[PDB]
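**Student:** Chain residues, written in single-letter form:
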Amino acid sequence: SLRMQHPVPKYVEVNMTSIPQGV
Amino acid sequence: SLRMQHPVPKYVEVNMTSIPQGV
Amino acid sequence: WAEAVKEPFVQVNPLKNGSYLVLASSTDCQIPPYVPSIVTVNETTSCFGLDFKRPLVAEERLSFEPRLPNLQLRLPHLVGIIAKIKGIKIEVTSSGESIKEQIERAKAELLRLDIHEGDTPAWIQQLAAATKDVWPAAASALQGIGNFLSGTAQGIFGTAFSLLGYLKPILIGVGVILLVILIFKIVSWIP
Amino acid sequence: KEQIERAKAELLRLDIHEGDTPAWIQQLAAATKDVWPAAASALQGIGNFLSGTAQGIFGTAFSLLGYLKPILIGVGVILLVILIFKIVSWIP
Amino acid sequence: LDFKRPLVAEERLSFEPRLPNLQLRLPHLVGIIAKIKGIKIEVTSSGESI
Amino acid sequence: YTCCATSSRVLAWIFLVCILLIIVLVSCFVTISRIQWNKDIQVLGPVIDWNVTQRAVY
Ligand SMILES: *[C@@H]1O[C@H](CO)[C@@H](O[C@@H]2O[C@H](CO)[C@@H](O[C@@H]3O[C@H](CO[C@H]4O[C@H](CO[C@H]5O[C@H](CO)[C@@H](O)[C@H](O)[C@@H]5O)[C@@H](O)[C@H](O[C@H]5O[C@H](CO)[C@@H](O)[C@H](O)[C@@H]5O[C@H]5O[C@H](CO)[C@@H](O)[C@H](O)[C@@H]5O)[C@@H]4O)[C@@H](O)[C@H](O[C@H]4O[C@H](CO)[C@@H](O)[C@H](O)[C@@H]4O)[C@@H]3O)[C@H](O)[C@H]2NC(C)=O)[C@H](O)[C@H]1NC(C)=O
Ligand SMILES: *[C@@H]1O[C@H](CO)[C@@H](O[C@@H]2O[C@H](CO)[C@@H](O[C@@H]3O[C@H](CO[C@H]4O[C@H](CO[C@H]5O[C@H](CO)[C@@H](O)[C@H](O)[C@@H]5O)[C@@H](O)[C@H](O[C@H]5O[C@H](CO)[C@@H](O)[C@H](O)[C@@H]5O[C@H]5O[C@H](CO)[C@@H](O)[C@H](O)[C@@H]5O)[C@@H]4O)[C@@H](O)[C@H](O[C@H]4O[C@H](CO)[C@@H](O)[C@H](O)[C@@H]4O)[C@@H]3O)[C@H](O)[C@H]2NC(C)=O)[C@H](O)[C@H]1NC(C)=O
Ligand SMILES: *[C@@H]1O[C@H](CO)[C@@H](O[C@@H]2O[C@H](CO)[C@@H](O[C@@H]3O[C@H](CO[C@H]4O[C@H](CO)[C@@H](O)[C@H](O[C@H]5O[C@H](CO)[C@@H](O)[C@H](O)[C@@H]5O)[C@@H]4O)[C@@H](O)[C@H](O[C@H]4O[C@H](CO)[C@@H](O)[C@H](O)[C@@H]4O)[C@@H]3O)[C@H](O)[C@H]2NC(C)=O)[C@H](O)[C@H]1NC(C)=O
Ligand SMILES: *[C@@H]1O[C@H](CO)[C@@H](O[C@@H]2O[C@H](CO)[C@@H](O[C@@H]3O[C@H](CO[C@H]4O[C@H](CO)[C@@H](O)[C@H](O[C@H]5O[C@H](CO)[C@@H](O)[C@H](O)[C@@H]5O)[C@@H]4O)[C@@H](O)[C@H](O[C@H]4O[C@H](CO)[C@@H](O)[C@H](O)[C@@H]4O)[C@@H]3O)[C@H](O)[C@H]2NC(C)=O)[C@H](O)[C@H]1NC(C)=O
Ligand SMILES: *[C@@H]1O[C@H](CO)[C@@H](O[C@@H]2O[C@H](CO)[C@@H](O[C@@H]3O[C@H](CO[C@H]4O[C@H](CO)[C@@H](O)[C@H](O)[C@@H]4O)[C@@H](O)[C@H](O)[C@@H]3O)[C@H](O)[C@H]2NC(C)=O)[C@H](O)[C@H]1NC(C)=O
Ligand SMILES: CCCCCCCCCCCCCCCCCCCC(=O)O[C@H](COC(=O)CCCCCCCCCCCCCC)COP(=O)(O)OCCN
Ligand SMILES: CCCCCCCCCCCCCCCCCCCC(=O)O[C@H](COC(=O)CCCCCCCCCCCCCC)COP(=O)(O)OCCN
Ligand SMILES: *[C@@H]1O[C@H](CO)[C@@H](O[C@@H]2O[C@H](CO)[C@@H](O)[C@H](O)[C@H]2NC(C)=O)[C@H](O)[C@H]1NC(C)=O
Ligand SMILES: *[C@@H]1O[C@H](CO)[C@@H](O[C@@H]2O[C@H](CO)[C@@H](O)[C@H](O)[C@H]2NC(C)=O)[C@H](O)[C@H]1NC(C)=O
Ligand SMILES: *[C@@H]1O[C@H](CO)[C@@H](O[C@@H]2O[C@H](CO)[C@@H](O)[C@H](O)[C@H]2NC(C)=O)[C@H](O)[C@H]1NC(C)=O
Ligand SMILES: CC(C)CCC[C@@H](C)[C@H]1CC[C@H]2[C@@H]3CC=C4C[C@@H](O)CC[C@]4(C)[C@H]3CC[C@]12C
Ligand SMILES: CC(C)CCC[C@@H](C)[C@H]1CC[C@H]2[C@@H]3CC=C4C[C@@H](O)CC[C@]4(C)[C@H]3CC[C@]12C
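Chains as they are written, first to last, in the deposited numbering: chain C, 127 to 149; chain C', 127 to 149; chain D, 792 to 982; chain L, 891 to 982; chain H, 841 to 890; chain I, 59 to 116. A prime marks a further copy of an entry chain.
There could be a bad hint or two in this list.
[To be verified] Calculated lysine-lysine pairs in the DSSO-like style (CA-CA distance at most 30 Å, straight line):
{"id": "1", "chain 1": "I", "residue 1": "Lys97", "chain 2": "D", "residue 2": "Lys807"}
{"id": "2", "chain 1": "L", "residue 1": "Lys976", "chain 2": "D", "residue 2": "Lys898"}
{"id": "3", "chain 1": "D", "residue 1": "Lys875", "chain 2": "D", "residue 2": "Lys923"}
{"id": "4", "chain 1": "D", "residue 1": "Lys844", "chain 2": "D", "residue 2": "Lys898"}
{"id": "5", "chain 1": "D", "residue 1": "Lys891", "chain 2": "D", "residue 2": "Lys875"}
{"id": "6", "chain 1": "D", "residue 1": "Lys898", "chain 2": "D", "residue 2": "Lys875"}
{"id": "7", "chain 1": "L", "residue 1": "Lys891", "chain 2": "L", "residue 2": "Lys923"}
{"id": "8", "chain 1": "D", "residue 1": "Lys880", "chain 2": "L", "residue 2": "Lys891"}
{"id": "9", "chain 1": "D", "residue 1": "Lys797", "chain 2": "H", "residue 2": "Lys844"}
{"id": "10", "chain 1": "C'", "residue 1": "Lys136", "chain 2": "C", "residue 2": "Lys136"}
{"id": "11", "chain 1": "H", "residue 1": "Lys844", "chain 2": "D", "residue 2": "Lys875"}
{"id": "12", "chain 1": "L", "residue 1": "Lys923", "chain 2": "L", "residue 2": "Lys898"}
{"id": "13", "chain 1": "D", "residue 1": "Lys875", "chain 2": "H", "residue 2": "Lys880"}
No wet-lab data here; the hints were simulated from the structure.
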C-alpha cells in the first residue's frame, strides 16, 4: 500500500493599472 | 496595463500496490 | 514629504466597483512591490492574507473620470537616513527643483553625523548600506571590518579601539612630558 | 538670560567642517552683518575666494588638506622618531 | 479648588471594561531625548527588547 | 647575557615598529571612511514615475 498526492497545474488571471502621481 | 497568470494549488490522488515475484 | 515606516508594510483598500488598491513592501499574486496599483482578478483567491473576489459584470455608461498628467521625480540618494534622524514627516524636495538646490539641503546636517569613539561598528555598518549601490566592492570590505570589531573574539578589538579613542587626550599629555625630558637629557650630553 | 540659554548649545554645535567651509563662512557673515558690518564684508570676501576665484581650486585644496589631517600627524611623528635617533647617533 | 462629597447612588448591573495590567521599561535619559526634539516623539514599543 | 641584551634590543625595535604601523593603519582608515561618506551624500538619487509595467517580475 502507498497513497500519494500529485500536484496538477492551474492559474488565475490578475490585471493591474497605474495611478498617475499616486492620486 | 499589465496582464499576468498566477499559479494556484491543486492535487490528484494516486494509489499503488505490489506484485510479488513480478507475477 | 518623506516619512520613515515599519517593515513589513501592507495596505489593501477594497474599491466600490470591485477592484482593490494595493501598496506593499513585498510581492504576492504577481503584484510588484513599492509602486501602488489598481488590481482585478477573474476568480476568487487569497492575497496578503485576505480574499480578492471576482467582481459582478457591469454595464458601460459615459465616464467623467479625470486623467492626471504623468511626472518623473528625482529624490536625494540618502532620503532614508534624512527621514530616520528627524522622527517626523519632513519636506525633502519640490516637483520642479534643480540638482544643486536639492543636494545643498541636508548636506551640512548629513556631514555632521561623523565617526565617534562610542559606536564605530554601528557607524561603519551605515557607511556600507550608504555605499552599496555606488561602489559594491568597497561596501563588502567595510561590512567585513564592521563584523571584525563586533563579532571576532567577544568584540575585544572593538572594546580596545573604543578605549584607546577615549584616552587620546591623556596620551598626548604624556607624549609632551617625554619630549620635555628627552630634549633636556639630550642637551645635557653635548659638550 | 533664560531666552538666550535655550538654543545656545544647539547653535554652538553648528561648528566649522572640512566639507562646507565656504557655505559655513557665508552663514557667519549673514549672522554678523547687523553686529559688525566691517567684519561681514571681510568674511563674505574670504567666502567668494574659496568658491569663485580660479575654478574653486583653493576651496578644493583646503577641503582636501582638512581631511588628510590624521595622516599628516602620523607621518610627522615618524619624522621626529628618525630625527631624535639620527641626532643622538651624532653625539660622541 | 473644591472637591465635594457625592450624592448617594443606587447600585445597578455594570458594563465597565477591565483592561489588562502592563509593566513598561523606558530609556534612562527619556527626559533629555524629549527635550532636544521640542515635539512629541516615539521612544519605545510595549514589547521591545533591552 | 649578550643574547639577553641583544634580545631586549631586537624586542624593543619590533615593539616600536608594531605601534608606528598601527598609528598608520588607523589614521588611513579614518581619512578614507570620512571621504567616502562625503561622496555618498552628493551622488544622484532614485527616480519614481508611478509606471507599474516597468516593475513587472515574471
Ligand atoms: C474600477 O475603477 C478604476 C478607475 O478608478 C478602473 O481603472 C481604470 O480603467 C480604465 C479602463 O476603463 C483605464 O483606462 C485605460 O487606460 C489605458 C492606458 O492609458 C495609458 O496609455 C495610453 C497608451 O500609451 C502608449 O501608447 C501611446 C500611443 O498610443 C504612446 O503615446 C505612449 O507613450 C504609450 O506607449 C495613453 O493613451 C494614456 O494617456 C492618457 O492618460 C494619461 C494619464 O493616465 C495622460 O497623461 C495622457 O495625456 C492621456 O490622457 C489624455 O489623452 C487621452 C487621449 O490620448 C484622453 O483619453 C484623456 O481623456 C486625456 O485627454 C495612458 O498613458 C488606455 O489604453 C485605455 O484605452 C482604451 O479606451 C480608449 C477610449 O477611451 C480606446 O481608444 C482604446 O482602444 C482602449 O480601448 C483606457 O483609457 C484607466 O487607466 C484605469 N484607471 C486607473 C487610475 O488605473 C478599473 O478598471 C475599475 N475596475 C472595475 C472592476 O470596474
Ligand atoms: C465613578 O466611576 C469609577 C469607574 O469609572 C469608579 O471606580 C471603580 O470602582 C470600582 C468599584 O465599584 C472598582 O472595582 C473594584 O476593584 C477592586 C480592585 O481590583 C483589583 O484588585 C483585585 C484584587 O487583587 C489582589 O488580590 C488578588 C487575589 O484576590 C491577587 O490575584 C492580586 O495579585 C492582588 O493581590 C483584582 O481581582 C482585580 O483584577 C481585575 O481587574 C484587573 C484590571 O483592573 C484585571 O487585570 C484582572 O484580570 C481582573 O479582571 C478580570 O477578572 C475579575 C475577577 O478576578 C473580573 O471581575 C473582571 O471582570 C475581569 O474578568 C484588580 O486588579 C476589587 O477588589 C473590587 O472588588 C469588589 O467587587 C467584587 C465583585 O465585582 C467582589 O467580589 C469583591 O469582594 C469586592 O467587593 C472592585 O472590583 C474599580 O477598580 C474602579 N475603577 C477604576 C478605573 O478606578 C468610582 O468608584 C466611581 N465613583 C463614584 C463616586 O461612584
Ligand atoms: C526637474 O528637471 C530638471 C531639468 O531636467 C532636473 O535637473 C537636471 O537633471 C539632469 C539629470 O540628472 C541633469 O543632467 C545632467 O546635465 C549635465 C550638464 O549640466 C550642465 O549643462 C546644462 C545644459 O543645459 C546646464 O543646465 C547645467 O546647469 C546646472 O548646473 C550648474 C552646475 O552645478 C549650475 O551652476 C546651474 O545653475 C544649473 O543648475 C550644467 O551647466 C551632464 O553633464 C549630465 O550628463 C550625464 O548624463 C547623461 C545622460 O544620462 C550621460 O550621457 C552623461 O555621460 C552623464 O552621465 C546630465 O545630462 C541636469 O544638469 C539638471 N539640470 C539642472 C538645472 O539642475 C531636475 O532633476 C528635476 N527635478 C526633480 C525634482 O525631479
Ligand atoms: C518586554 O519584556 C522583555 C522580556 O522580559 C524585557 O526584556 C528583558 O528585560 C529583563 C529585565 O531588565 C532582562 O533581564 C536580565 O537578563 C540578563 C540575562 O540575559 C541573557 O539571558 C537571557 C535568558 O533568557 C536572554 O534572553 C538574553 O538575551 C538578550 O540579550 C542578548 C545580549 O544583549 C541579545 O543578544 C539577545 O538578542 C537578547 O536580547 C541574555 O542572553 C540577566 O543578566 C539580568 O540579571 C540582572 O537582574 C536580576 C534580577 O533583578 C539579578 O538577579 C541579577 O543579579 C542582575 O542584576 C536580568 O535578569 C532581559 O535580558 C531582557 N530580555 C530581552 C530579550 O531583552 C523588556 O524590557 C520588556 N520591554 C518593555 C518595553 O517593557
Ligand atoms: C484583463 O484584461 C483583458 C484585456 O487584455 C480583458 O479581456 C477582455 O475582456 C472583455 C470583456 O468584455 C472581452 O470581451 C468579450 O469578447 C468576447 C468575444 O471576443 C471577440 O470580440 C471582442 C469584442 O467584443 C474582441 O475584443 C476580441 O478580440 C474578440 O474578437 C465576447 O463573447 C464577450 O461577450 C465580450 O464582449 C475581450 O475580448 C477581452 N479582450 C482580450 C484582449 O482578451 C479581461 O477581461 C481582463 N480581466 C480581468 C480579470 O479584469
Ligand atoms: C586586546 C587587543 C589587542 C590590542 C590592540 C591595540 C594595540 C595598540 C598598540 C598601541 C598603539 C596605540 C594607537 C592609538 C590609537 C588611538 C585611536 C584614535 C581614535 C580616534 O581618536 O578617532 C576618532 C574616532 O575613531 C575611532 O576611534 C576609530 C578608530 C579606527 C577603527 C577601525 C580599526 C580597524 C582598522 C583597519 C585597518 C585596515 C583598513 C585599510 C587601511 C575620530 O578621530 P578624531 O578624534 O581625530 O576626530 C575626528 C572627527 N570626529
Ligand atoms: C593648488 C592650490 C595651492 C595649494 C595651497 C595649499 C598649500 C599648503 C602648503 C602645505 C601646508 C599645509 C597646511 C595644513 C593645513 C591643514 C588644514 C586643517 C583644517 C582643519 O583641520 O580645520 C577644520 C576645518 O576647517 C577647515 O578646514 C578650514 C580651514 C581654513 C579655511 C580658510 C582659509 C583661508 C585663510 C585666510 C587667511 C586670512 C584671514 C585673516 C588672518 C577644523 O579644525 P579642527 O579639525 O581642529 O576641529 C575644530 C572643531 N571643528
Ligand atoms: C481565468 O483566467 C485563466 C487564465 O489563466 C483561465 O484559464 C484557462 O482555463 C481554460 C479552461 O476553460 C484552459 O483550457 C486554459 O488552458 C487556461 N488558460 C491558461 C492557463 O492560460 C480561466 O479559465 C479563467 N477562469 C474563469 C473562471 O473565467
Ligand atoms: C481526489 O483526491 C484529492 C486529494 O488530493 C482531493 O483533493 C481535495 O479536494 C477538496 C475539495 O473537495 C479540498 O478541500 C482538499 O483540500 C483536497 N485535499 C488535498 C489537497 O489533500 C480531490 O477532491 C479528489 N477528487 C475527486 C474528483 O474526488
Ligand atoms: C511604462 O513602462 C513600459 C515598460 O518599460 C513602457 O513601455 C515600453 O515602451 C518602449 C518605448 O519607450 C517600447 O519599446 C516597449 O516595447 C514598451 N514595453 C512594453 C512592455 O509595453 C512605457 O512606455 C512606460 N511609460 C508609460 C508612460 O507608459
Ligand atoms: C604610548 C606612549 C609612548 C605615548 C606615545 C604617544 C602616541 C601613542 C600618540 C601621541 C599623539 C597621538 C595621535 C594624536 C591624534 C591622532 C588622530 C586620530 O584621528 C588618529 C590617531 C592619532 C594619529 C594619534 C595616534 C597616537 C599618538 C601618535
Ligand atoms: C608636510 C610634512 C613635512 C608633515 C609635517 C606636519 C605638519 C604639516 C602638520 C603636523 C600637525 C599639523 C597641525 C595639527 C592640527 C592643527 C589644528 C587645525 O585646526 C589647524 C591646523 C593644525 C595646526 C595642523 C597644521 C599642520 C601640522 C603642523
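**Student:** Could you run down the list of hints and mark each one as holding or not?
**Tutor:** The hints, checked one at a time:
1. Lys97/I / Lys807/D: At roughly 49 Å apart (the allowed maximum being 30 Å), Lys807/D and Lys97/I break the hint.
2. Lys976/L / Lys898/D: Cα-Cα ~47 Å, so violated.
3. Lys875/D / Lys923/D: Holds - the C-alpha atoms of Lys923/D and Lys875/D are around 19 Å apart, at most 30 Å.
4. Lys844/D / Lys898/D: violated, 49 Å
5. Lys891/D / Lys875/D: Between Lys891/D and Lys875/D the Cα gap is close to 23 Å, so the pair holds against 30 Å.
6. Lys898/D / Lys875/D: Holds, at roughly 15 Å.
7. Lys891/L / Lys923/L: holds, 23 Å
8. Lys880/D / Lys891/L: Violated: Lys880/D and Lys891/L sit about 33 Å apart, past 30 Å.
9. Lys797/D / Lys844/H: violated, 48 Å
10. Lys136/C' / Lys136/C: Answer holds: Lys136/C' to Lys136/C is near 7 Å, not above 30 Å.
11. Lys844/H / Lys875/D: violated, 50 Å
12. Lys923/L / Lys898/L: Holds, because 19 Å separates the two Cα atoms, which is no more than 30 Å.
13. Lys875/D / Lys880/H: The hint holds at about 15 Å.
In this structure, the earlier hints numbered 1, 2, 4, 8, 9 and 11 are contradicted, and the remaining ones agree with it.
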